[PDB]
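Student: Residues per chain, in single letters:
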Amino acid sequence: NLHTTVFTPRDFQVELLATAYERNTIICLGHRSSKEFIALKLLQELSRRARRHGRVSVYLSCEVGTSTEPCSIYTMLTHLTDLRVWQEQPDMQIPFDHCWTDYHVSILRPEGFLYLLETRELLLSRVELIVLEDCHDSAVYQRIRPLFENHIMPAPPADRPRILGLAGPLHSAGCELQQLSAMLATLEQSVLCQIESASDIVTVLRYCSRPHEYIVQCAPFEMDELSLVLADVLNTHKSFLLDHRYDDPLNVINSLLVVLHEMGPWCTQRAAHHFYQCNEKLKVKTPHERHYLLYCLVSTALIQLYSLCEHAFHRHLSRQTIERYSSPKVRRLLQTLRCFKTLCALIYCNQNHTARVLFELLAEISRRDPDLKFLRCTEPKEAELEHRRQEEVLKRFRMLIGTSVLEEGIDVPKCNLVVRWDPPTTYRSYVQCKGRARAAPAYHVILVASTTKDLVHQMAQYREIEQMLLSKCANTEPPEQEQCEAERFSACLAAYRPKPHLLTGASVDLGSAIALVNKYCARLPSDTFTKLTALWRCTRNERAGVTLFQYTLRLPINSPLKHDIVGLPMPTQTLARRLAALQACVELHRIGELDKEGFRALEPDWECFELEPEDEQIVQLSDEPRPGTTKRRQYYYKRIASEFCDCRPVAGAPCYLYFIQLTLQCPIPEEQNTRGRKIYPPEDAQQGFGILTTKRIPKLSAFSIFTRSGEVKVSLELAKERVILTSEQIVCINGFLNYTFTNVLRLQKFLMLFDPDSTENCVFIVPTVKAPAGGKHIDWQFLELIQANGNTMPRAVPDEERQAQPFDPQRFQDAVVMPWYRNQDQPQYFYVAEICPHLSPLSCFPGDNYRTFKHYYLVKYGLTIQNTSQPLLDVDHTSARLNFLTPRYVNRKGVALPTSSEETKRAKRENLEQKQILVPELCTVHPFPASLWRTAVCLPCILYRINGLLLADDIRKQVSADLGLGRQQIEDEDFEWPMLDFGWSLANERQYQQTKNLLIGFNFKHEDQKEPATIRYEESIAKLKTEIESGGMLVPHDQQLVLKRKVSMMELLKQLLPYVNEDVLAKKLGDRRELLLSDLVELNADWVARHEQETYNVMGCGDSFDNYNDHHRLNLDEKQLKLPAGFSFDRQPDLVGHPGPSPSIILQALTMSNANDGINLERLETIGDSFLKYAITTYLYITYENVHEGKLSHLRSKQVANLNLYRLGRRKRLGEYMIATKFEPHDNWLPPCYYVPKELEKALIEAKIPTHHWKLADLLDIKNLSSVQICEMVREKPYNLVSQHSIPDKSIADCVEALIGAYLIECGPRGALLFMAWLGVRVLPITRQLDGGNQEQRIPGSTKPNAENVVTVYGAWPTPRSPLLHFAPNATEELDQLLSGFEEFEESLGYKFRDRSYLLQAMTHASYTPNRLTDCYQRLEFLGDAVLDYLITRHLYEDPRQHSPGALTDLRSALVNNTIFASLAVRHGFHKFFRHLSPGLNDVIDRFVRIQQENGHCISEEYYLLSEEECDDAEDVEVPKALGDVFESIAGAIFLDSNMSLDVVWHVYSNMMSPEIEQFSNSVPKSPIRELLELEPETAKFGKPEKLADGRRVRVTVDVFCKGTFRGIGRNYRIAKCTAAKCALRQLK
Amino acid sequence: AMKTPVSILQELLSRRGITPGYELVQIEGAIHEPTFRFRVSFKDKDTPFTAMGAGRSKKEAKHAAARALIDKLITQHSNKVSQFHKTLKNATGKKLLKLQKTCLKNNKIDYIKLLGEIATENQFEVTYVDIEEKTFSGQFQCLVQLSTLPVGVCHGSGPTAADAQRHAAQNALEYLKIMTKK
RNA sequence: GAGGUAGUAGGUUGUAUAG
RNA sequence: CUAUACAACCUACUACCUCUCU
Ligand SMILES: *O[C@H]1[C@@H](O)[C@H](n2ccc(=O)[nH]c2=O)O[C@@H]1COP(=O)(O)O
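Each protein sequence line maps, in turn, to chains V and W.
Quick note on the numbering used here: the first sequence kicks off at 1 and runs consecutively.
Quick note on the numbering used here: the second sequence kicks off at 1630 and runs consecutively.
Check before you lean on any hint, since a few could be wrong.
Stated by the list, open to error - Now the in silico label distances, taken between C-beta atoms and shown as ranges:
{"no.": "1", "chain 1": "W", "residue 1": "1763", "chain 2": "V", "residue 2": "385", "range": "26 to 36 Å"}
{"no.": "2", "chain 1": "V", "residue 1": "262", "chain 2": "W", "residue 2": "1760", "range": "54 to 64 Å"}
{"no.": "3", "chain 1": "W", "residue 1": "1640", "chain 2": "V", "residue 2": "1564", "range": "28 to 38 Å"}
{"no.": "4", "chain 1": "W", "residue 1": "1660", "chain 2": "V", "residue 2": "1269", "range": "48 to 58 Å"}
{"no.": "5", "chain 1": "V", "residue 1": "1227", "chain 2": "W", "residue 2": "1660", "range": "43 to 53 Å"}
{"no.": "6", "chain 1": "V", "residue 1": "1032", "chain 2": "W", "residue 2": "1713", "range": "27 to 37 Å"}
To be verified - List time: in silico PhoX-like cross-link candidates among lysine-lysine, alpha-carbon distance up to 20 Å:
{"no.": "7", "chain 1": "W", "residue 1": "1701", "chain 2": "V", "residue 2": "1255"}
{"no.": "8", "chain 1": "W", "residue 1": "1723", "chain 2": "V", "residue 2": "1255"}
{"no.": "9", "chain 1": "W", "residue 1": "1763", "chain 2": "V", "residue 2": "238"}
{"no.": "10", "chain 1": "V", "residue 1": "1255", "chain 2": "W", "residue 2": "1672"}
Stated by the list, open to error - Some but not every residue of chain W turned toward chain V, in silico, with C-beta under 8 Å:
{"no.": "11", "residue": "1651"}
{"no.": "12", "residue": "1655"}
{"no.": "13", "residue": "1677"}
{"no.": "14", "residue": "1679"}
{"no.": "15", "residue": "1707"}
{"no.": "16", "residue": "1811"}
Just so you know, these hints were derived from the structure itself, not from any lab.
Using N, Cα and C, we set each Cβ at its ideal position, and we do this for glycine too.
Please build the complete structure, drawing on both the sequences and the hints.
Tutor: Written out as structure tokens, the structure is:
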């Protein structure tokens, strides 16, 4: 909007507040709410003086002692201060425990306080302040007459307390102007004060540019022939209606005559428009028949007038047509707006409908006139339609035909024209209209639409009271002649440049210094309530008999410039102003502030962010799914572990042997045990399996798998005596591997070669046996058996063999009992469940089509069972799928799945229709025994989970190598990991009153017995009469309107600096033409050297707020710049000799939730992302100490965003270390000594399919051939799943975060910071030092020495410099005085501070300009945001309920909100010590705290602002965002004072957050809208709002069908909707 | 017959021996259509028939693989009041123009009889209401009501009741006069 | 063991809405 | 980033059909 403003328009209430702080004061302001805020803040400011002087403060008011409830101002001083404030009851009898010696502020009657001074129960010298409520009352003047005339005047001015009177405005005194001035002068001499006025009215009359007021009369009206007929018909109707008998038409009469006699016939029928529209309803709405006759005869009279005026210019015969009958009038106003052809023309009235019809008139004259085209012009539904229409009208005109509402509070851009069509009867409304024209030049129009001499006397009164207002007030405005001579002087002066070689740089001079200062003041971080301005003191001094002015400028508290820019003296005010602002601009550019994304970091790799080359062009190709998002997936290789590559046993090499030791720890439940089998412990297997490898496997955790026998723990154990293989032992073990993973498990599939001499995924698995003596070793005779029994086809034995052989049970006990008559090519392998002796081939068949089993096998197959006396076999199906990692009967939450029914257990336990019965001579015993088959089907999940643990140990190896985080190769035997377990347990009316005080009363006069016509009054009246009549202020009725729009350089130095000579600077300058700012400082230093004594005078209300920096000393410094046990958050274990995080947990963070496994990254991912934010915040704060928080948040959002975490993930290549699909042994798992080619998937998509033609065979090998041969054999005729798996980019970022969380959980926040350095985003300072003697030792953090032996050791967090801004002589003493009364804030919070600058920095708003000693809360808010974020995330991660992803993020996102923080702030009184000089913030916080104490300080986020049964509907409750920021900022301040310790912050905030933690944690209460949505998913709706007429408030209604419509109110839409849903829930409870 | 051809062909072969084995070969990883492709490996020892099938569903992929295996083998109201009165004015006829071309100052034309002729002419009636009380001036007044769509009252006053009704009909004649002229 | 219908439990990807 | 609804897909279960085994 570019408010290129004049000097600094400060907050006008605060301006009056500072004037009250200086001298005794009568405040000229009308609104009593603003006057309460000023009174409250002045009490707060003098509270410190009252305490350290042992004094008291008295507030005298009028309504006190009448009504039983306490007054409003008492409620504020007990709610929003820390002050001991006392209220006197109507006819108060003194209780014995009550005293004024121990009350801070005493609100008392004037009669009561008069009695106190009479009886010495309160002493006047002990009184610091006396405040008089509405002291312009005559009655209270008489009441304080004994008070002042007996006690205040006889007291010396040394002992006189400071006096404030909250009077009404001086255009509201209820006197004539003569007697007004007399009442004034008697009033200032009476109460020993002065009028301080400084309203918005005064602000525009002096601080804003002058609008020239032009006054155009309006002539009375006569009638032409048409209007003679109109007047004739109307007086006939009036003279009839006087005699019409009925033993509101006069309103239509009395308005229709005026619109006839003031505008003419066209507007007469366009008022007949409105009045016949009224009568068309009001003749039907009446019940009385004669009143109906009267209303309808008035309606027919309007029909007459409309018929005549329609028969007048559309029938008898159009700008000449409208100008003919209707009087011109508005021509001069139109020419006033035509000469301005940036114009923001505003027209003001007092009726809404007049504003609408004038908007329509300006609209139609915009479309009609070609020169005027540039003018851009219960049941709450119609209220919103009207509100939306009016704001649409306001947007169309402003980018304003206003009314009385657009007078105070509304902010608009600067204007050229303000219109008063309505003749102003009131000065207050007149100058609130006039207050907007500011564009310099800008104009004001008065339209008066003898008596002219009397209105001339009235504007003489208005100008004269304007002169009294400006004259008796605060610091003035310099006249425009000084700006004229500044415009003269600045014409030839050349601007300062930031770079002197660059001529075309930033041009800044005296003529644009103030604009740059004000734009910088506006661009600081601020919310709506904050108004950042700079405080400008001027000072008179005399040099060579010539008057000069020093101009101490002070920039806001948010800006990092914390000392006073002192200007150097110039002849007048305005040149001192421009020089002070230009010295401030150069002083800014010395520290580089001239003006988020503009800021960049101060350390290199932070601003580098090196993109990978093809990933870079992936970033600039925005059509692709973006990197760091879930929508882009990359296919990574599954890394076979380091210990499993190139470890193949070769002949001669001694080899490591590990027994895969299984141990059943939990037998299967009998509810799970459907078929009721014997439980087989896998440690009872005489034959197990073993792994032969030449590279030693490190120490690994024992993990659990879940087969039919139940939960079986898996571990690996080294054999002591090594194995050396011969060639034939290599051949038989290769045949064994091909047999076991081709035929016993059939894991071998197509495109799959057993290659024993591989380099990758090359290891041996051997059939081990328990030694009969003891121990385990390689079963050599079993290997001989597998050599003999290779891929031998099952043979159909003849009848003679079965006749020959009897049945041996031990051949068929504990063995795989495969039938030979069925399934010849792919035989079905069967366990032994039971051997039934009672059954036989002649035993009874269950089915009906066959009799006994011998007849069955004779019929269906043709085979004769030779021995019918043999016992039979109940058998089971063998394990089809071989994934056993997830337990078969548990959900992910640990909730058991439904087991089988008892009927379907027992009925199918003994029936022969189920189960499976076999004949032993009709079966072949497979060579593998059955317990060996159990561990043999256990194997593939063992191999996949060991490969997972070893990839996690490889990540731990890589960090401990590249950064010294633990032992490199953990090969010590006396060390074990934690077990891999999955977690699965198997006030408006007061504003109306102050409006009433403005409108109707405005009364009261003391005396008249003196001589008020002191001639000088009549002289000033006649002078203003002559100046208005002759000066063009009075435009007469015949006059139309007025829309009007050298010196030698050394002599210029004498004129401009009168304290130098003519020949001194002749030789001093020489070649130099103009003295630049440094030269001017040198010249003033030379003059203060040549004139060593300097004097200074306080001019204006350059305030006594600040002191010290600009005052107090007053000694020549005046011319230039002279670990809780119940779980911790900062749990820091040792880093020297610590093995680090277990590969169990690193594996947990590696494998996603997509893999369906019982271990997940997600909880560790949440704690990791939260620590990433926390540590980047704390280091970002301590690094860039002067930089405000917006740029630091932009740096952290450049840090933590998952594109950068994805870049660090691909740089460390974590895609090739994770698990992306559930382990399924037939499809996604390459067994030892095989390979899958990658390119045939391009040959698999169509291409090579007329028919087969190849059946492998022709492509014998692809890996051995080169890629040219690969592409050839592909072309002779979208990812691998066996060894590759697809992972999305955001999941890689999730793994980086979860890995940070894993390192956090085991090796502390310091380990997480070092691991954060490991990833690539820096968080710790590098100290790049030369070589530390013993390179083999790495102290934790120290990377590898380079080619020139340099370690780059990572150092700790520096301690940040405290923002106690020593630019004052006694900044510590001013800190101690300004921070008074914070001790009970500390006791209400808990933690005593060491450096109280952090306290004040936390509890200073950005507005509190009396504070020089710190900065605002926004830096500490930015810090305490992430400190509380991590504190909440880790206190909810450790919750033994074990929250899911969604549960943990819901619990935090409702535990971290500004409503929560504001509520917990207000409960412990964090509003009471929030030093703010912001008015709207004070009212918002005040009404919030009052209706929180109305809730009795219970933590309600929800039940203070609705009930439908409470009449709270006007002025609902306002939740302050600022006190939420105060709770965050005091969190940051506590964190910084603890030497950056989190356990102290949680030690404090347990007592402030733990009840709400347990309350929202224990029950899941859902979202309050969503809970009503879950109760009724098609019923509860939320309609559009409405805004009430109060000015801040919104009403939204919920409806529940057959349950009622529940009303709602909130300042925002969201709280109204939510609390409407909540009160619906309370009614449905 | 009409079921999954994997089951049909499994039973059809298992009547004549030999055990087929289906296998997953490629799960497709598309953005919103992650299809599956399976392959049947019938008798990889002797005469290997390995047939591929594409499909969004695993049942559909196995079905397509089985079919491939088989197939390779073989105001405005004051405005609105004004227009329909003009329609009543065209429905009136000639007496509107006689009303225009006469002077209403003279009482020799009988206002009540002329307005009754207008009522007879234009299919309406005229209502004359003389309320019984006396004014502060001690005279009489009447209202004439136009029995049409709108409410309709023209006023009149006089020293007697008959002169009051005559003046009311005179003002009604002024009314119907002053809409008439074009 | 295979094919099929329901529930029950875990999740992956979209579409829409609100903060 | 949080909440809700719908569609697909996957596998852990349970009860039951269509066959087979028995
Ligand atoms: O057919 C499968 C399953 O029904 C059957 N089985 C095995 C073992 C047991 O205790 N109960 C049982 O029903 O045998 C086959 C094995 O498959 P699963 O390993 O159970 O998936």
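Student: None of the hints should be skipped; say for each whether it holds.
Tutor: Here is what the structure says about each hint:
For residue 1763 of chain W paired with residue 385 of chain V, a C-beta distance near 51 Å fails the hint of 26 to 36 Å. Between residue 262 of chain V and residue 1760 of chain W the beta carbon distance is about 35 Å. The supplied range of 54 to 64 Å is therefore violated. Residue 1640 of chain W and residue 1564 of chain V have their C-beta atoms about 51 Å apart, which leaves the hinted 28 to 38 Å range violated. At about 34 Å, the CB distance of residue 1660 of chain W to residue 1269 of chain V disagrees with the hint of 48 to 58 Å.
Here the CB-CB span from residue 1227 of chain V to residue 1660 of chain W is close to 22 Å, at odds with the stated 43 to 53 Å. For residue 1032 of chain V and residue 1713 of chain W, the hinted distance range of 27 to 37 Å is not satisfied, since their beta carbons lie about 57 Å from each other. A distance of roughly 15 Å separates the Cα atoms of residue 1701 of chain W and residue 1255 of chain V; the hinted pair therefore holds under the 20 Å criterion. Between residue 1723 of chain W and residue 1255 of chain V the CA atoms are separated by roughly 111 Å; this puts the pair beyond 20 Å, and the hint is violated.
As the CA atoms of residue 1763 of chain W and residue 238 of chain V are separated by approximately 17 Å, the hinted pair is consistent with the 20 Å bound. With a C-alpha separation of about 11 Å, the suggested pair residue 1255 of chain V and residue 1672 of chain W falls inside the 20 Å cut-off, and the hint holds. Checking residue 1651 of chain W against chain V: minimum C-beta separation of about 10 Å lies over 8 Å; hint violated. Residue-level restraint check for residue 1655 of chain W holds (minimum Cβ-Cβ distance to chain V is 7 Å; threshold 8 Å).
Interface hint status for residue 1677 of chain W: upheld, as the beta-carbon distance to the closest one in chain V is roughly 5 Å, under 8 Å. Given the 8 Å rule on beta carbons, the hint for residue 1679 of chain W holds: about 7 Å separates it from the nearest Cβ of chain V. With 8 Å as the threshold, the beta carbon of residue 1707 of chain W comes within range of chain V, its nearest partner Cβ sitting at about 4 Å, so the hint holds. Because the beta carbon of residue 1811 of chain W sits about 6 Å from the nearest beta carbon in chain V, less than 8 Å, this interface hint is met.
Hint violations for this structure: numbers 1, 2, 3, 4, 5, 6, 8, 11, all remaining hints satisfied.
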